[PDB]
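Novice: Chain A is fixed; fit chain B onto it per the hints.
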Amino acid sequence: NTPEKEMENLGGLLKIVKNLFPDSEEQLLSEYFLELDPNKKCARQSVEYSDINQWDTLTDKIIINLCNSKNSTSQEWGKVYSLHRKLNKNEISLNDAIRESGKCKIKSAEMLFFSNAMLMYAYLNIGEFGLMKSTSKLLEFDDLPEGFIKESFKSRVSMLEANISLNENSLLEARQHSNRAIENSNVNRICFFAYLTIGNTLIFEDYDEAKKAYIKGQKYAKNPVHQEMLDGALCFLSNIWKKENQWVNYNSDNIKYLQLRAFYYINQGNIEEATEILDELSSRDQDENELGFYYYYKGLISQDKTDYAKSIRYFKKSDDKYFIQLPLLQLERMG
Amino acid sequence: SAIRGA
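The listed protein sequences derive, respectively, from chains A and B. Quick note: the first sequence uses the authors' numbering, first residue 33, plus one each step. Quick note: the second sequence uses the authors' numbering, first residue 1, plus one each step.
These are calculated hints, taken from the structure and not from any lab test. There's no promise every hint is true.
Here's a subset of chain A near chain B, in silico, CB distances under 8 Å, partners left out [to be verified]:
1. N195
2. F225
3. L228
4. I235
5. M261
6. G264
7. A265
8. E322
9. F325
10. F355
Idealized CB from N, CA, C, for every residue including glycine.
Chain A on its own, in the form it takes in the complex:
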């Protein structure tokens, strides 16, 4: 209960606020984290706890305090997390991010570990699943000392490995990684993506069981960004099984949510406005995995097996062994 500046272990104060004030810990520590000394180890722990929770407004202000600090380790943590947030907010390109990180450099085992994990999030975001798979082999947990950060990174990696297993069509392994992230984490973001991934593995097996997993993930979808993603997953699930879709996004310019609205229009029969959506997406820079879905939706409209051919190539280029079964199945029906 000492003043904010001379705190010794956040890992003790955090374990008493989530058990006492669990429903309001975001606003409580949004004021407490900013009063910590940016030169101490506690302030460096706060940027990781704020970012794992994706309290983006809080994270961006802790980073400013770390960058403007004058302890070399805090400056290193602040700059690495700064590049991480830039990749999240699409204000720097991945090709320019790998060049930045080269000229400094990094010497703490935590930020040397997180530098590679950060890239795995970007690889996931732009559908470069070959680089994500291979990068995870360079994450060695034996280089990290035991403590608060290591357990937090273990949670991050459990969910990265769940998506690697999903992309490789290892559904049981993906569910095991997602279940271990749930059993050993209390962060809403971790639990949300765990149940989002569980549901993704059941999209083609059973509609209800996939929806049961997304329903659990709704309980952790307080972040409106997470809400938009769960809506897109439920929109994609409703379009696959041809069920009532109450999650169609009409007010968004995101490539993936625009595709899902076009997917919805295809199932409705509004070919004119499904084509118009796919028409404008042709002027957008879609990643290799988005282009796999894009040409699959094009094939459902034009019946051209060459559209399914190019969908498959794009799915193999991004190394997606799971959703590639959508164009493959649609031509097995054609003969």
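Specialist: Structure of chain B alone, referenced to chain A:
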């Protein structure tokens, strides 16, 4: 497109 996340 399906929605993935970690």
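Novice: Would you mind marking each hint as holding or not holding in the structure?
Specialist: Going down the list of hints, with the structure as the test:
no. : hint : result
1   : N195 : holds, 5 Å
2   : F225 : holds, 5 Å
3   : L228 : holds, 6 Å
4   : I235 : holds, 7 Å
5   : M261 : holds, 5 Å
6   : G264 : holds, 4 Å
7   : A265 : holds, 4 Å
8   : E322 : holds, 6 Å
9   : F325 : holds, 4 Å
10  : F355 : holds, 6 Å
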